[PDB]
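S.K.: Listed below, chain by chain, are the residues.
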Amino acid sequence: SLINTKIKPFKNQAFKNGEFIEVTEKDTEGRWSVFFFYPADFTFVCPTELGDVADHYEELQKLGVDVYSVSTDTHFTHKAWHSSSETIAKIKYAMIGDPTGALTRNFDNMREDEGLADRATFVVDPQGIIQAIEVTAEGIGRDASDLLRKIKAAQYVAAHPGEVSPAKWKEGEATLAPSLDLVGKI
Amino acid sequence: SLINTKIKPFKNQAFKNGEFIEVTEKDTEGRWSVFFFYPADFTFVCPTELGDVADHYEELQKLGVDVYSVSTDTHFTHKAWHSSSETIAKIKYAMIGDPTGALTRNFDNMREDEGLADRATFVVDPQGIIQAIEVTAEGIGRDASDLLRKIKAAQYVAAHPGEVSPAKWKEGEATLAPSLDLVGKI
Amino acid sequence: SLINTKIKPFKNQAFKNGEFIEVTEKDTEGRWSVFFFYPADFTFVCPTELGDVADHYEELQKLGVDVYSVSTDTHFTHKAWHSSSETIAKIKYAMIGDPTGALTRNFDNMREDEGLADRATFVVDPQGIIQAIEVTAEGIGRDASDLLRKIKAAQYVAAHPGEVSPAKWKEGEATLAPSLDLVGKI
Amino acid sequence: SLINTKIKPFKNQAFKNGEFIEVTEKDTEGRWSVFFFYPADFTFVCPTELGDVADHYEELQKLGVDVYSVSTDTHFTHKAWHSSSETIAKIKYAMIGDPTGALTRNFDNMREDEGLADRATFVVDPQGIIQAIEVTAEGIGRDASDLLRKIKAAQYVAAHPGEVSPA
Amino acid sequence: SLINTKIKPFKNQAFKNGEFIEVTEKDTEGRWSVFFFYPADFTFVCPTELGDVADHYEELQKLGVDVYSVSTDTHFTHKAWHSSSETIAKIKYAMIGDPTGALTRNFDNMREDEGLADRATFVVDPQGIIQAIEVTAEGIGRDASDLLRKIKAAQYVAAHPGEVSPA
Amino acid sequence: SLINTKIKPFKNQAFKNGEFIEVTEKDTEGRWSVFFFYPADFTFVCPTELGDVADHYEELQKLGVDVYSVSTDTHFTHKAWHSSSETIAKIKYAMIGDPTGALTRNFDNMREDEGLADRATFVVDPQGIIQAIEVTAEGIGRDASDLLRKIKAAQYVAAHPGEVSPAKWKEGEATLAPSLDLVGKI
Amino acid sequence: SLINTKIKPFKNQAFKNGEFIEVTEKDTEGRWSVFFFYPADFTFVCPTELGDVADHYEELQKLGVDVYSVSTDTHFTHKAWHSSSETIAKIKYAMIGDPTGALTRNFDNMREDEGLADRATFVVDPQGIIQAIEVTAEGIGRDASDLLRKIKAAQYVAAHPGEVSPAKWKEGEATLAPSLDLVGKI
Amino acid sequence: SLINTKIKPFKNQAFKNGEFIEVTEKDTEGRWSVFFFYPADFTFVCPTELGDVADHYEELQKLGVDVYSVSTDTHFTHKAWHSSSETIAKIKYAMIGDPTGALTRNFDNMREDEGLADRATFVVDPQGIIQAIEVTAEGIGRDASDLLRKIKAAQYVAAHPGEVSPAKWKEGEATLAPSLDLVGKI
Amino acid sequence: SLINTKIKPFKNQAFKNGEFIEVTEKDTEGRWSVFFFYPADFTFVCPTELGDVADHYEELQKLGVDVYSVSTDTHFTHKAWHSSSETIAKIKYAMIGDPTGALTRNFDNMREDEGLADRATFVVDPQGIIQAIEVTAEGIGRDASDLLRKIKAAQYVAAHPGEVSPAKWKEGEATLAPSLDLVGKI
Amino acid sequence: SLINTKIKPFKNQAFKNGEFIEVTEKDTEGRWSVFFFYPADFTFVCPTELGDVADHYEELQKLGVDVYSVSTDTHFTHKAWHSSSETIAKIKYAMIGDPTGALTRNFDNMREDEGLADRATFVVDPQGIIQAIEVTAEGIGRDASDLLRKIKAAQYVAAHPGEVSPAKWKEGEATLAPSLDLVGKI
Ligand SMILES: [K+]
Ligand SMILES: [K+]
Ligand SMILES: [K+]
Ligand SMILES: [K+]
Ligand SMILES: [K+]
Ligand SMILES: [K+]
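Chains as they are written, first to last, in the deposited numbering: chain D, 1 to 186; chain C, 1 to 186; chain B, 1 to 186; chain A, 1 to 167; chain A', 1 to 167; chain B', 1 to 186; chain E, 1 to 186; chain E', 1 to 186; chain D', 1 to 186; chain C', 1 to 186. A prime marks a further copy of an entry chain.
Keep in mind the hints are simulated off the structure, nothing from the lab. A few of these clues could be false.
[Stated by the list, open to error] Covered stretches of chain A', as calculated for chain A (at least 3 residues, CB under 8 Å):
1. 14 to 26
2. 40 to 48
3. 127 to 137
4. 152 to 161
[As the list claims (entries may be wrong)] DSS-like cross-link-like pairs, simulated, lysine-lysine; straight-line CA separation at most 25 Å:
5. C:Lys185 x C:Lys6
6. D:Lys152 x C:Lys6
7. D':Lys185 x C':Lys90
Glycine is no exception: its CB is placed at the ideal position from the N, C-alpha and C atoms.
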């Protein structure tokens, strides 16, 4: 159960906007982060999901949220994919390579018989605590707008302790304030 | 992780539509199942998620999908809750009590600290295989619509093996077909 | 058995007279205590046993005895029961929730295959020593006035070391006295 | 606790009404039993817990309940006690000797630093199941009328499962 | 065997001449001791091993030898026995109770299946060393004059090492 | 202690009346036996104890008692001692050599830091059960006539089960008899 | 070292001249095989090495020698590289993808800290026995006919048992015939 | 594999041009080293291999490269071989004897069943790092200037960091300069 | 203590009268054997000892005694030594090579820090039982005439069980016949 | 093996020239020592070996050599034996008793089967190092002359480090000097 645990240290090469950079956990400290795992560069279902997040990246950045896509491919491969796919071309966040699989396994997200990461998305808060987890089968695409929903929910809860965001929570809704009075009445 | 793994045997008591029944893994064989974990009866956030799922329930039933809500409370407490809340009153799917924690630990979903289940939703296919997982922090509500989307998508890949449905996919829109030729092009 | 051993440290949430409080072993130090275990809130039997203790609680408090009921349900569930049942509504002592089972296991009183406590009562003195234990099967009532009797006896021996109370003692009766003057004769 | 578990096998010598007999768990089958433990024969207290049970023994026998007192003394010592104290002389139930401590540990009722049993009473139904347990410190008396009350309830729920007061 | 080893520490309650006392290994320091074990108070035999020691107790005291009888019964039970049997009533040495069995196991003298001590006698010198051991089955009597003979020899070799008969 | 346990199998060389023989536990079956241990051949003390047994050997043989002396010296050394010492020359019973120490350790009678047996005597009945043990320190003599006494007592109880011999018994005296007629009175 | 050992079983996906195939150890039986490992697709040193081999590939096929290149990238990635590099484009032999790293570890050829295979070349006979091994540092390129030189020599030895081939021999020059007294003579 | 690892310490006796010397890892520091392993003195294939190296030995010395041949025979035996074979006689580099097999196991080069080293050649840089490895079967001879080719290439890379040397390069031809976008370009 | 134990199986190559043969324990069965260990071919002290035995070999053979010299050198090396030393040249018995050290270690005779056998001589009877052992320091030569003495002693004892050969035993001397009569008189 | 190893500490009682003394490893420091093991006092073969050593004893003493005979018998038995045998009577070196077997097991020389030492002779130098070992079967006598030869040889190598004395060597004859040049020539 990795929900509500702190992410483990890591150090990986990544491709980001035409450069190779190093990313470590220190980059994520004090920031909101999305770790977006996918199985394989040059595949199919994967780009539309990565592109979709890219579509939301301007808004994520305005909200102080960084994004890291991760596969067991090399950063070298990411750079190539980025130049040959016009969907991937629009990605401006870090594409992390994890050929040792270390980062994938920190998140218990390896397909051990394929040596590829599972389709998993992790939301990590500025204290390194995992606040949301999504994992789907090889054939089921994720939904970046729902990802946005959860991040805003997580950010809200962080900013209003003692308050919570209910089912269907969206921008500006009545929230709940835990209390002795509210128990069993809803 | 538990993605793409088969669920483990269990035998639990439940409240369902005014009666106490036993539920086991055998009751799930050949059915789609959703296992919907939450931390505690009589709290605040929980009903809204549970009511929303109930709102989608005939539609889920029309899709051959069974719903099981699960907490570490007893079936007695579920029955009581069902009487005192207009929201919980709306529930016609089984409310499983897991006071030993065995069912919860089968899904690796226990807060050992607290003796309560985390907010996790699991989709399980007729072969017992977990096809989607969602876990969120205490303050972040799930969304039963996105749940349906994944289920519809899961059934689709089950029903159309060599094709996959990419992100945000809903009924009637275009699929991708993994093959050699398509490698690297979107 | 645990007779004449010291209670172990514990930390639990409780419902007590309309508020949530924390109880620890520090709350028992210097006080007499009754730990009153039972299997489950909201079952179908009338919670007569708990009501009987409530009936005697003013008197117990005058003897400086604190009462704690304990089950593996949450303090949230205790609050609900207390609103819904006329018998339970009489309770002004602390109702401890023990969903982790730690307090119940400290007193070796768990039904491990059910996740519920057995019907056991423990009398604990101000130094934390267990001075009396009672456990009964379902349907065999724990009598609150026998509880009072044992407590008054325990307080008496504490105040009068060198004297012991045989079977039969109630206030005003003869005591027995260390002697060498004494045996195979009585 | 041992509540709702089956008693373990045992074989002990006992004193009963002027003779020595052997008692085993086979003697408990089909019967209600009370196992009444205490620390020591020939001791400083008015043995009024045992006298109290004796006083109620006729009534217990009418309910088809057998009584066994148990301590870690020998059956030899029980016989001597029974023939020196007017209170013990009233006892007509079996006085089991448990010098190995085996029976006592079966009921998890040993004071290991003393080699004596704690003041525990156990009610056992005809299938060998423990339906009630009571343990007290040395200054706190076991009440025989409360025992009777509990035995009659145990027999009642046994013959009429299901009849308890709703909420 | 435990021959020529130092006795282990112990703390037991005893009956001695109408009072209860505590006995420990500190009580044996500087003294000769006989530890006389037996299985059970209030038993079927003429307790003539103990009576025999009593008969020789004055003489043993003149040799500066203390005697301790030991069984797994309580000191309580020893007191009762001493006040019911004319043979036991003759005993003026300490009757140690060993209900935990600790003292008995120190002398490796327990019948584990019975919870009773075997018929063993041990001679212990002023430095706590065991100089003689005797153990017998239940039908085979321990002779007190042979004990005296062995104690006087042990004291003699202790005061005069080196004087034994050549070959 | 080893009282009332069965002797263990053994196989040793012995010197007996001018010949070397083998002794095993099979030689003791159906016979009464004395195992007479001592530390060392050819020491400076007179082997009075062994001579005393030799003095009583004709009588012991009439009671059907076999005698075995045992030390950790060889049977070769026993032969030499027997030629050189007038006391030892009287011996017509078997002198077992135990250089491996196995027979001595079977009777738990080894001084492990010296490699020599302690001064111990064991009486063993025809079923191989040890009925009496005597161990003394150096200089404290084992009396052969006390040995005879214990043997006659052991044979008596064997022939008269239901009777036991108190301390004091020699042939012709009263016996004690199982009774219930009997105690705290004698 | 692994010289003169049998290769271990494996199952890998591969790219070859526009099709995806499964390669297993069974496909190498009764054939000579060259396993050509490299760290990473889309790099710099690697293509020059692979292309060098491709130049010689027909001559290798006439000798009944199959070539397998291997990296820890996926077969998907090989296909992409094959279409993007004019140098990689000339490869007509199988490019095996080894994302689990199993095939690489079988040949003990993993940089465990990096998740990439070392620059190693292995010659494997029709019976699966490794007959030649080469490994170079990241900066040192291999030489394609040194390989050829070693293969023909390996093949001649197999077909002419009882003879061994000395240093530097090229086709048509003399060999040594092992035994009794050439010893120490050459 | 051992490529790119530091050599382990060793201490061996050796024969060199009529003297016995002790060689240790200290003697290789700040020098380039070739370790030339072979199974057995007085054989057949071995001298042709060693003599081939001897032919090139001066050219190796001008490059500051020391040569060490190694077998599990003693240094005594090397001296004997050196005086009996005209081919071995031309060796002026150190012939190390490795009768314990330790040096051979350090390079993981033992035939454990035979007690002989395999036909392996190791190139070691001044910092002790193995930069090149070759192993051939019993019947396949090595090639002395392939070695030379690899050494100069190894040396050029060391003295010109940030550059790597592609396949087949001989003195005077062009090298590659690693980074950002030559990627996938050659 | 290997005296009086059976030799362990082995299989080694050996040089004997111009041929290479295989020797195993089966060769030694039913024969007397001498295993003559020495540290190293081409050394100094060793030849005179081996030559010395060679001087006695005709007589050893007449007595049905085979000889095996053993070192950790190869059989190849033995052949060479045999051709270059006129002392070794006169050896007509098997010279066993033990480069794995297996034979040396069967006899617990390895100098583990040198990988050479110690100076040990073992006499083995037709049942494989070791009847005599000699081992000396590096500087102390053995004496083949004493070896002859012992073999004849061993053969005698084998042929006359119940009889023994005393100190100084030589051809035709009074022997000793163990008996009860002889004990302690000599 | 124990060749060239240091002897272990011991503390034993002994008979020497009419008195009982203690012997430890400290008594051997700085002296040459011979440890002469035999199985049993009062037997047959043993005295002849022991008497012969005594015959050489002043000469051994003149060489600074101490003799210790050792059996698992006591010092008492040694003293007795010394009185009854004219051969043992001749002994003026220490006769150590080892009834615990510790001294014997230090030299790994126990027949565990029997509790007796094997016929072993050990030569130990002033530094505690074992320089020669001889072990023979029950029926094969040692020869004190060959013993002297080894000792004289051992002292020689001690006194002349770079030279060794070869087989059959006795005083005044030629030595060999290990050096480079001599390798392979005798
Ligand atoms: K990869
Ligand atoms: K619960
Ligand atoms: K007792
Ligand atoms: K007792
Ligand atoms: K060698
Ligand atoms: K011995």
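S.K.: For the stretch 127 to 137 of chain A', does the count of residues with a C-beta closer than 8 Å to a C-beta of chain A reach 3?
M.R.: Since 0 is below three, the answer is violated.
S.K.: Given the hinted pair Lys185 (chain C) and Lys6 (chain C), is their alpha-carbon gap at most 25 Å?
M.R.: 34 Å, violated
S.K.: Are there at least three residues in the stretch 152 to 161 of chain A' whose beta carbon sits under 8 Å from a beta carbon of chain A?
M.R.: Check failed, 0 qualifying residues.
S.K.: Apply the coverage criterion to the stretch 14 to 26 of chain A' and chain A: a residue qualifies when its Cβ sits closer than 8 Å to a Cβ of the chain, and three qualifying residues are needed.
M.R.: violated (count 0)
S.K.: Keeping to a limit of 25 Å between CA atoms, is the pair of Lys152 (chain D) and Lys6 (chain C) held or broken?
M.R.: 33 Å, violated
S.K.: Can you confirm whether chain A covers the stretch 40 to 48 of chain A', using C-beta to C-beta distances below 8 Å and requiring at least three such residues?
M.R.: holds (count 5)
S.K.: CA of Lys185 (chain D') to CA of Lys90 (chain C'), is that 25 Å or under?
M.R.: It holds: about 14 Å lies between the C-alpha atoms, which stays within 25 Å.
Of the numbered hints given earlier, the model fails hints 1, 3, 4, 5, 6; all others are met.
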